[PDB]
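Take a look at this one chain, the form solved without the named molecule, written out in structure tokens.
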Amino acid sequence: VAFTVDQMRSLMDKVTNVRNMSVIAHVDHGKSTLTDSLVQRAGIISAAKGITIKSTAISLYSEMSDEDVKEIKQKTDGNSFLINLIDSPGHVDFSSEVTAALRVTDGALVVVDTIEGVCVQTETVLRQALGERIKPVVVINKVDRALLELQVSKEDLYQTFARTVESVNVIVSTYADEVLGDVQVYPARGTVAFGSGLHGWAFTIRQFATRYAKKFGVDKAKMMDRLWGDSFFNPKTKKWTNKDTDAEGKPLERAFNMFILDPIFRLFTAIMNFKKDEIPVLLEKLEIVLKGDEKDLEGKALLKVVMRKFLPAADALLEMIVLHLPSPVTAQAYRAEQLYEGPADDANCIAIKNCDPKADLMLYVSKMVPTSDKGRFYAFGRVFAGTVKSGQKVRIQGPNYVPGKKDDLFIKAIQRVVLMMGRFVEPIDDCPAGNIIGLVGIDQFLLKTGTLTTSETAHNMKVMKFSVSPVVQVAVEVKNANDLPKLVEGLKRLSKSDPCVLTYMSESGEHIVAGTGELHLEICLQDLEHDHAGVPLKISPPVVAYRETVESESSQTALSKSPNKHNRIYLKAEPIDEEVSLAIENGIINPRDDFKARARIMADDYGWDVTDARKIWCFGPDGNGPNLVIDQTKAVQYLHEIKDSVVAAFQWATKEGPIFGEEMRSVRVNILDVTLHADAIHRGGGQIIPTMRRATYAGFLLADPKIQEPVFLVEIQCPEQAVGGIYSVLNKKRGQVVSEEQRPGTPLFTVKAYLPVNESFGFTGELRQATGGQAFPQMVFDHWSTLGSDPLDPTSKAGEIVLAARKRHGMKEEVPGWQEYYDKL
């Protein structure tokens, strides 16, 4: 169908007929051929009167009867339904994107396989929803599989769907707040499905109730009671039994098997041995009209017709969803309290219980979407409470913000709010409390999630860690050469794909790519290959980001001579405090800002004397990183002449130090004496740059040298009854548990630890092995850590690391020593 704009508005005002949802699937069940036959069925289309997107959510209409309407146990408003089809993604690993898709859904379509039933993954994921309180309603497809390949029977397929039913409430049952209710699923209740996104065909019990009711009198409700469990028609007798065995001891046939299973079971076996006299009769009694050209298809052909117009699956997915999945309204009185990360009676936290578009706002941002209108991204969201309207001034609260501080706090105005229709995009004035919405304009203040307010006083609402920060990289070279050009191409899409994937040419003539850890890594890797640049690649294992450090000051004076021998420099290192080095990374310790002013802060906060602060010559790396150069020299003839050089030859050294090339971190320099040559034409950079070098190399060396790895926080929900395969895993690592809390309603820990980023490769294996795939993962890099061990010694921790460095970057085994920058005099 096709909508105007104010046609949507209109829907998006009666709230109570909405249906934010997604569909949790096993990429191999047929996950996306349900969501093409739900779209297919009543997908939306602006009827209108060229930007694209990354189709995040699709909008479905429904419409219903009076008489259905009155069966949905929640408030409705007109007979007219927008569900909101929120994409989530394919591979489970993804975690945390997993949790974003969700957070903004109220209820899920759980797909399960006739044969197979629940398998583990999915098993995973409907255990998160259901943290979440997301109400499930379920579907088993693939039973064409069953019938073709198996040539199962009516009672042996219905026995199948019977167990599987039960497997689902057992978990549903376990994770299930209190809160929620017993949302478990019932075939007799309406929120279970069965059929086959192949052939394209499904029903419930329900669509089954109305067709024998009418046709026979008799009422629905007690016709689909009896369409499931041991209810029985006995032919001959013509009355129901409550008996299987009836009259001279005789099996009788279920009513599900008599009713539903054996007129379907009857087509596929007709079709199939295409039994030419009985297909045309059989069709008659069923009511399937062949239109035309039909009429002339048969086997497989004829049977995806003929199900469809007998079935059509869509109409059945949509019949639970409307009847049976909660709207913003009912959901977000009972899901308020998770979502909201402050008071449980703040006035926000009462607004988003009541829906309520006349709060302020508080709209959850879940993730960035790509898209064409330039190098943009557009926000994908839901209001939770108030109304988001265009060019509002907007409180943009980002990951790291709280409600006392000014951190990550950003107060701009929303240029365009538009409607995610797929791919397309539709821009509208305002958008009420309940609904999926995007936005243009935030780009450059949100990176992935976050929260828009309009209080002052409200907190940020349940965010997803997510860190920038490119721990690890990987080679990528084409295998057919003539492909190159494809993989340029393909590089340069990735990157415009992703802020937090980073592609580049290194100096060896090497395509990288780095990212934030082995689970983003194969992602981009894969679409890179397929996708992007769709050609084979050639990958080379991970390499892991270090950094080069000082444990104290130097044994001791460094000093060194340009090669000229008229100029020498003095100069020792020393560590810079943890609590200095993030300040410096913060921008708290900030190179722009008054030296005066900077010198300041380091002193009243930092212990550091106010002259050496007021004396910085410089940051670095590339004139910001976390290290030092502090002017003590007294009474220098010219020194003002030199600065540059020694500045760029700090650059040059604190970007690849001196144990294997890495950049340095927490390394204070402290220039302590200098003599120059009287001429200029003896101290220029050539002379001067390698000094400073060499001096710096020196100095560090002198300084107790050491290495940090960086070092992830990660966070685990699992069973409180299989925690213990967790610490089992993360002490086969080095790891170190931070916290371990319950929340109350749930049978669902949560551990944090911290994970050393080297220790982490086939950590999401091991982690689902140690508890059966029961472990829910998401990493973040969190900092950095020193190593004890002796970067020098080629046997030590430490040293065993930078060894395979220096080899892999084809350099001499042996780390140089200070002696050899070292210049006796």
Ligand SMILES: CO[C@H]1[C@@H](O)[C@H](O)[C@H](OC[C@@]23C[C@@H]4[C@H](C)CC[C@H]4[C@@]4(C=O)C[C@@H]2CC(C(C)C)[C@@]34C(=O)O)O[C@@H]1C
Contents of the next structure:
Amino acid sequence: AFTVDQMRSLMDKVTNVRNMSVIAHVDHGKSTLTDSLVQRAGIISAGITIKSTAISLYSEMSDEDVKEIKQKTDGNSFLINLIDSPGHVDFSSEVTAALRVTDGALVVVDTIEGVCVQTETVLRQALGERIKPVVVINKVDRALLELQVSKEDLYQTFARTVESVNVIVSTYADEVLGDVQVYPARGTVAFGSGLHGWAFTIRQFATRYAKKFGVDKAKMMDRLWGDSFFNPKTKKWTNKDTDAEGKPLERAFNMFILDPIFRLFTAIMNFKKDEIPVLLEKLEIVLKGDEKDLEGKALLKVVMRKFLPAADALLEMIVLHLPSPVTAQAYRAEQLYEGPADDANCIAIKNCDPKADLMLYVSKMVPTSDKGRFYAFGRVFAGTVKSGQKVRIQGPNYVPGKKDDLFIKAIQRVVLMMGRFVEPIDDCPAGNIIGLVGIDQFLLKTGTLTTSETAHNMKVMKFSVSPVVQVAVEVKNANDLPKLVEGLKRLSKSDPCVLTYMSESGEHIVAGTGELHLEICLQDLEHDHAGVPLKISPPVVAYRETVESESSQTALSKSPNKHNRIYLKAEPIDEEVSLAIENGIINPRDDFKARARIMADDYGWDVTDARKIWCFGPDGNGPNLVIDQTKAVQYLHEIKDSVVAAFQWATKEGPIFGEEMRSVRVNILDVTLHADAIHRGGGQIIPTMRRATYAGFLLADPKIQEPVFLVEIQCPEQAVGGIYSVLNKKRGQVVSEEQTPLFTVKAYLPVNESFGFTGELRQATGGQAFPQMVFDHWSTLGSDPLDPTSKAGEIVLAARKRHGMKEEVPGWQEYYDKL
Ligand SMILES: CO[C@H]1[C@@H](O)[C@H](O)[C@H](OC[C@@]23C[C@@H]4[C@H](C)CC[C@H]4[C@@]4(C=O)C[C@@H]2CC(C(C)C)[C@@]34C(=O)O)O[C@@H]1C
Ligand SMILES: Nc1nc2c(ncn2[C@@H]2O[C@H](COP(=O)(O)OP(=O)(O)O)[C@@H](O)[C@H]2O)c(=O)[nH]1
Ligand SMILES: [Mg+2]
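Can I get the form solved in complex with the named molecule as well, since the one above is the form solved without the named molecule?
First the chain shown before, then all remaining chains and molecules of the complex.
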């Protein structure tokens, strides 16, 4: 319990300050460990409440300990800011913001589960902020009580967990920081049980056995970990796990640190009442009062807390190893600062100079009980902030030249953020964490306060600006459609970054910048904008139905009358030609002569075939054609309209599963009609032509084509590797890798492989890659559309079931009428 004066005095010696947080996978004990720290060293002031965002700890080290600190120290008192970090670990920017205001981290790892993805994710983000890590292998009690594990097994488990961790560190830590790996012998690894309240470092044991083995602890802690053995027979320390005779030697870690602990557990839990007093006496543990009566776990919990208080182990690593702001801001300055590295503000950050202009980073806005008011939480990197001080509030889009996001206003009050409470203070110098009241309106989320007109903004969060996340929206009650269509308009108008359009398959699509953005949009659309139950789902992907080769044999079909017959074959239309039709070089209404000259001279077509195209389809202009190759059919001219109409019908609804055809050419080889027009009416010939077309189609090695996106991704070099990793998992294909900004990888990504892509990409690039996608072209899947188990077939079977059609695709024989 300190007074505002004591706190302010503590905050002057930033050399003795430690800004850090606890990194842990859910359930690994992050909470009970901080409760332990708070109960042991928490600080409290000697009716407005807030959400606990940070806690202050106080610690004193012995004069000898302080000498061991490899960094500028002023006295034996230390102020530790334990900063709260979100629990969402998706490489989110909320987490990055929280870490940004810290310099060191206490990483919690489970004895049994070891390092899990969640752990790797926050640690990776932390390393990206040049944060120094220190580890605590937690839940050790489980291995002793539940699993009955042996000393060497426990050792091995510890060593493997430490290795897993230093793999992540060696991979993502900036080489400029040197070796930021963790070493038990150097005291950067603690072992214990946050629930039982005990933990230790090799250092503490070295201190305990140094003055006992007649050796300095520097020598002792190297010997208390890894391959160091003490042969009681020779009384010597060696690095060989066997003696001269070759007999097995027990590792020093097991023999001097684990065994005493193992013996305490075994004796106390088995009620060996004549073995416990001696063991406790030897370890110099003293039970007082009612404690002398405890037994079992109760006695154990109490004995271990006295023998190795947890908080003590943790505070030791924090003070001795985690960097102070002075130490850290020296190598973190440039990243933190967007401006010039030679800039006056950057230098003030490197020096953690309290007399320079203000450079205060706003980490986030915290909820208070002061009727809808949010206090700004952050860290003073340069200068000192004062109550009633005129400062310059610069949002995420501010630039020294423009007046965007700029907001000059006085800071109403500077408060200490102590748990759920606040404490008004007059000022706060560089190196400290602090809360600002009165910044609510001008800043929401991150920002940057300065007292210099030149001041550049501190590292801002990079956010997506492309509608890469999209879903299909539909009313649960058909009659509501009008409100939905209206709601989308209202939604679009209110949000610049939101996009809505109708898909090729007839679904309303709503797309957002990121998953979160899209979620707000859908919530607002459903609740306000449209105000009606909406149904959300992955947009249906549209496909095309084409042929890979000519009909293996003439297609023959007759009319209902059985009097008329059409003979035809289908063949592929070249992509360049389909494209030419789709894009305007070859047009439905152009003069057939000039068009045929182009198709023949420039595209390899036979000019007679070209001069004889009867129509394009579907809709009279699609990339499918009917060419007349008949020789002496008498009443040909009279059935033309029926044939054309049937084609518009056939190309609009393919026989594979009802999708439109594309790149399909149909050659009419011959037609036999009835002499009297009354048996050659459209009602007779339209079905014939459609039936024959479907047959020629199916006889031409049918295939479906899928939509393919052109995806453009901006990101930093070291992250590019994740891009290729994801793409390869999604039938992707790289197109171009260009560039002294970032990189930009361009690739083709099948549309049916893009649902959730944005998520898997941030996950594979540590949230550093930013996707952009636009429809590019159609691609023919080589697999059999009629084989329910091939890639194409699965897609066809899913669409058929979804539409209530029979599963089996009718084969060509179903449309062929034998002579
Ligand atoms: C500017 O934003 C763009 C990009 O997001 C992208 O080009 C997107 O693509 C939409 C699709 C466009 C394709 C062409 C019209 C023909 C095939 C169409 C698609 C159907 O599967 C592929 C993509 C993704 C779609 C379905 C799944 C919605 C498309 C559609 O509109 O149905 O369109 C919007 C407007
Ligand atoms: N056996 C054991 N359980 C623990 C230990 N520390 C925490 N737990 C338990 O693990 C669960 C999650 O703990 P908590 O501190 O909330 O973890 P967090 O959510 O990651 O912060 C709770 O049921 C705890 O009682 C420990 O050292 N040993
Ligand atoms: Mg917790």
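Positions refer to the first chain, counted from 1. Note that the rigid core is defined as the largest set of C-alphas that superpose within 1.5 Å between two forms.
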Compare C-alpha positions between these two forms after fitting on the rigid core and state which of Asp87, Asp315, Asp483, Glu337 moves by at least 2 angstroms.
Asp483
Taking the rigid core as reference, does the Cα of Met362 move 2 Å or more between these two forms?
no
Superpose the two forms on their rigid core, then report whether the C-alpha of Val802 is displaced by 2 angstroms or more between these two forms.
yes
Does the distance between the two CA positions of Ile72 reach 2 Å or more between these two forms, the core being superposed?
no
